[PDB]
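Just the one chain here, the form deposited without the named molecule, laid out as structure tokens.
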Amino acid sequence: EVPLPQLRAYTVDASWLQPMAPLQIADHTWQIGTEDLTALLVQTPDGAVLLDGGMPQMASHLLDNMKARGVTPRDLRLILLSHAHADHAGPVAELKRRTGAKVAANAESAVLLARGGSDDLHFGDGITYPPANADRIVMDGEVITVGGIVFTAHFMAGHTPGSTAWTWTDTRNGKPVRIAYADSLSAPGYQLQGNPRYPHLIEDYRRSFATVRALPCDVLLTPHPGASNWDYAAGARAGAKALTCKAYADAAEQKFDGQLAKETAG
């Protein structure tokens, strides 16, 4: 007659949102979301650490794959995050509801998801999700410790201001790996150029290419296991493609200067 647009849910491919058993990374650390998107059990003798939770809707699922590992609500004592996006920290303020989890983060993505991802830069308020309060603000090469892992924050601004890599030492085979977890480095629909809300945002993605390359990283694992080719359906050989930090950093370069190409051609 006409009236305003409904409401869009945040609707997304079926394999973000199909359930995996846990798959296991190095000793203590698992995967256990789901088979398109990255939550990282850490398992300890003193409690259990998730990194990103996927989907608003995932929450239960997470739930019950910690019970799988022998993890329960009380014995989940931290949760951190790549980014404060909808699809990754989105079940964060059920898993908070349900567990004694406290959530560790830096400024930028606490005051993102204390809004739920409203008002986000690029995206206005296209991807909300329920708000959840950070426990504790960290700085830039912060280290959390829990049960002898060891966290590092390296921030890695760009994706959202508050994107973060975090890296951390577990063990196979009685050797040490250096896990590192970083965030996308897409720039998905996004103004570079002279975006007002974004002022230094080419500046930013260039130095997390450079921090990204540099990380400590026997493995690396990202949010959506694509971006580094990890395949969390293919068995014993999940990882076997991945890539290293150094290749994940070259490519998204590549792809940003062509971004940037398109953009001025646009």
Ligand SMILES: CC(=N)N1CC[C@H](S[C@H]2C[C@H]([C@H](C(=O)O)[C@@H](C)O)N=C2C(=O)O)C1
Second form
There are 4 protein chains.
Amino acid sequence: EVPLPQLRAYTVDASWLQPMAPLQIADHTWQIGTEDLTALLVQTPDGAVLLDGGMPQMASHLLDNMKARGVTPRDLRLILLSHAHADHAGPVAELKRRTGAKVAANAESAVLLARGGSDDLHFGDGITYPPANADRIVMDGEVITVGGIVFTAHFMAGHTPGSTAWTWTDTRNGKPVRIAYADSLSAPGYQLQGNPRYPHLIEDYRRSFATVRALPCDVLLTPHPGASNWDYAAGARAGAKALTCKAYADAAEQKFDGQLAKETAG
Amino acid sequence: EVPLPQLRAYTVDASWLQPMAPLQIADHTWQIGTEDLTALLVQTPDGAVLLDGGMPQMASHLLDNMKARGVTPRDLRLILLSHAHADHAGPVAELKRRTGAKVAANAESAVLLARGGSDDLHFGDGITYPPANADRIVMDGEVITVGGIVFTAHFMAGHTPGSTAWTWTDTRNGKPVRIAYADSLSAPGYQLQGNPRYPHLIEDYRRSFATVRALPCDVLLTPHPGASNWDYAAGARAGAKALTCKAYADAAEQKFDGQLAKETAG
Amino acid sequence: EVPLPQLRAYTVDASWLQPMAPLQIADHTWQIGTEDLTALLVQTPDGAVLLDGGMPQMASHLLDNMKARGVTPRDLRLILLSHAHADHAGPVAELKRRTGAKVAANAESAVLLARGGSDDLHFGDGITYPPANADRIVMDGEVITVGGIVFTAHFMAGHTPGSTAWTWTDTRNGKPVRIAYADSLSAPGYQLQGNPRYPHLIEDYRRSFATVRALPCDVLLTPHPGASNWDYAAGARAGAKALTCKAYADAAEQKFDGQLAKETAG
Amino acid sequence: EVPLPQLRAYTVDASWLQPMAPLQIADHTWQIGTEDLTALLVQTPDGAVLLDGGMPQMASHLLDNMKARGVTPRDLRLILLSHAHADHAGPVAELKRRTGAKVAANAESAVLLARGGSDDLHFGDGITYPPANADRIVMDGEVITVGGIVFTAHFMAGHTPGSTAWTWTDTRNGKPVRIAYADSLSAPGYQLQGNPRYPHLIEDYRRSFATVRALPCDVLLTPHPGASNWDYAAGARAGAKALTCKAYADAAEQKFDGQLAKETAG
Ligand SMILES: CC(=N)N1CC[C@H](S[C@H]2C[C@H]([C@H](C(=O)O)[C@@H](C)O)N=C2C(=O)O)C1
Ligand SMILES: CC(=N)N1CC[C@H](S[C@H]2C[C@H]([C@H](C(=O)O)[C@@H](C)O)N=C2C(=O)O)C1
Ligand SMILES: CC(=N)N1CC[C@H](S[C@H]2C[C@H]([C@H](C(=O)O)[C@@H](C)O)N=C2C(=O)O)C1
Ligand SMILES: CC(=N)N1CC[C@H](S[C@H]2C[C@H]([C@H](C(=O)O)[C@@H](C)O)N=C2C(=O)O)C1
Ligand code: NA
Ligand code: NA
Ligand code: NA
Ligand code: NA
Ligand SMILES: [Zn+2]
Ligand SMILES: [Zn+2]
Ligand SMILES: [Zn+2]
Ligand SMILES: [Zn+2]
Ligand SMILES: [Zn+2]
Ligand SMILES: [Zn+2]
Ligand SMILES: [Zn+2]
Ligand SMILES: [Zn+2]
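Moving from the form deposited without the named molecule to the form solved in complex with the named molecule:
First the chain shown before, then all remaining chains and molecules of the complex.
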């Protein structure tokens, strides 16, 4: 006779958990996460910003890389998120306890973050993480300014209701670099058509493809670097093959159209 | 020499606080609020639904009218909201403590409700009320079904980010009546253009006018009855002069266009 | 070279996950959990009360047993908790989404429940579960009355800050039965002396031993049945060997004294 | 005929709202509130701590006084509270939005703060303020250390369940000064005996009198300065007449005993 199943941990490919040293993207922007999960540190004269933290177990590694960059826990002022799933917002709660950082997010992302990713529209309770509270709610197109760097939120609902692209302008070799940290556009295992928990899912994804295509985008980065053709382990050529935002959006739309057709057939 | 000002209470016209007896809208739908604030009771064989409660001080009156209708506190199963301002969601926290009711709302409305209307995009802390938690987060177009009555959410952001129209089909004289409880479309004292806390405000209002115009709408009701030309004190002719959703949307858009022009001149 | 560890799921002995049929404790009280985790259903003419739910994956089983007892989801009115760890409050969030149930708990238990057991004073983030909100905060000695059954809270801090014993009087064979659902008194792996996250831990445990010893207690039950010598699989003799509250408290204090001495030596 | 009453604002004596310039208590501790409400700034080489903020409308004044003291918004690291009523925690939410400050509080105070003082055990919804979230939950006797100043929490439940005394050691004229910021011990309009929302109220107050009497206490301060015989407008003699903690506790107990006798007679 038969017990209920044990809880199953959210396990991921080893490369998603492989620590890397900070990799410079532009004068003040660094990848400080793992080989296969993005966590961006932007350093200003008035404190640092973190965009995503990856998986829950990455908090100490992130703090190590911040220290290596000259950023103490008191100096981390702000955490921004692409979206509030365990593999991108995992360590936010612990980061808030261990640093000065406050979280800014849209209402959708704040609600999901506050329930630790539980009751996910598509994953249920299978992919949860420690809950965290947002300190500031942001609206579409709202700006947040830290030490003179202006971050603009561009909502791009689909992968989660609260999915957001964050854009800012850094410098490199003396010239401006418009960085676009565009969120995921995948729909892994999702029911796309007639989903009662997300009735306008398709319309939202389509609008989001268009939003991504039009972002100010000298350099695209994505929460999973492979989605934008980054290779964080490739050193001086890590970003050489990166997609434009236009190409990223088009590829995501072609994949989505294929998934729709397969869902209709399945 | 000069102390800081006393706190100022949110005071309203007396008619907004004038109790009225239940007024039947359709076979299972009743206005149970005050003369000038809507609070709709929908009674099903499987419990009752309340859409809005008006001002914070209306909780006991609402429970009295429920009792008059045969609805005990245990029988109130669900509270839905047009939007989470003090004059419409005021008594929600107290209602939850005193009844079996659970709150369903979109993420925007849930976030504002949970802070008691504080840090409002336009009103600051001037119009607050007891905070309440939502039990279920709803997405645009999602349905909720109670005792066979199907409520559909139609987001219509503008007056608040989370503004929602709720629609359902009741019966009257044997025939179906498609009821549309459309939210407010006013922008009282709002900065419309270039608002840093709401950058896409104008676009959102315009989309919301179009949403309202197209709602299934044999009968329109609104949180302030005067917005839809209801007169709750007029008895058997309370709804005789009611606007169509098309006319409500058009009138709101003409007012909004005038406010835009005046803001440009002011 | 070496990735960060995978997240580790909270795994438990199979007997803790072994479903059992409802086992009657008294005229209106039933064990409806698993062989080795208590979940008590108290059925009244005015709805049902659940005290604990066990592990997160037990929600559907609990609802099955409620249905077997004549309790539909609408009829579950109240969830009470011994303490807010994953193996006792695990399924609370899901139960709230799927039933009419509202949660009453003390402030300590409410705070831990709302963070899904994360940032535990002793376990860190190793034993988390879906977060849930409390609907009512209870004070020490406060009563809650459902369908004529009066539940009294007795705080007994130690195993968690919010640990609570719940007492009520049922009937059996015509006579009153004072049931005491006393919380855990273990300190598994805890640093007892000089704990910076719990400076008065020892004093609290000692007061809690005394609280437990003095409870009205014709029948003791505990979250882990083995702690009170229940054997839920033993049928008509499941409770034959149960400890008195006095014996439970004394045994827990002797164990605690031994742990203190071993900690001083270790 | 008769509308429901207008909401009534929480109004206070003018002196409670009368701004004052910073008044030095010890080398690093300043009163920065109003004439009749305490708000303590402790300045360290590693940022500043605020203990209480007074009424909701005091936020800007507090920030002005911080600026006068050399404390920018980024430099405010921590807010601690005596208890979470509107006249002491009023501006906490706004302070968090406008500074780097994080809130540490016990579970009881955190729960009341998060509901903006609504559903108060004694005041109902009559004395509410903007809700705020705590960033860290503290246990009885726990320490928090900022820039080398060690703050110790001493729970003293009664006026609110979460009432706390905060103690720390500053210096003055070269010598250590043990400062005790003891919470209120009043019970304004409270039902003391047999209160169903607070069954152990009397026992808690009695234990709290004893806690206060034994605090390390070279200098006592209280949320209402008059309770400890401070006169913030008296300049160089503001603290000359201050009570010892022993005298404060004894006076509060004599008042409480009188209130008990009057309640028995009333
Ligand atoms: C080839 C490539 N570049 N890939 C493939 C996997 C992810 S795609 C998707 C799935 C993943 C996550 C998971 O499967 O563990 C679930 C929980 O979302 N994250 C997702 C996201 O797009 O953010 C990136
Ligand atoms: C003529 C007519 N039918 N009217 C005029 C006032 C309201 S219009 C607007 C203003 C009101 C509220 C207030 O002024 O107290 C603020 C806080 O929103 N509610 C609003 C809403 O549209 O919901 C309805
Ligand atoms: C022999 C007997 N009757 N036992 C032994 C294990 C539990 S004792 C303790 C440990 C357990 C839980 C765990 O180890 O998984 C942690 C998270 O608390 N629950 C605990 C509690 O007392 O509630 C009951
Ligand atoms: C003579 C003297 N020193 N006094 C007299 C009033 C306050 S005593 C009590 C009442 C007050 C507050 C109010 O009445 O507005 C309620 C909401 O608590 N604060 C209270 C506290 O002890 O904190 C201090
Ligand atoms: Na905000
Ligand atoms: Na939900
Ligand atoms: Na409560
Ligand atoms: Na904490
Ligand atoms: Zn994701
Ligand atoms: Zn992902
Ligand atoms: Zn409004
Ligand atoms: Zn209104
Ligand atoms: Zn436990
Ligand atoms: Zn346990
Ligand atoms: Zn007070
Ligand atoms: Zn006070």
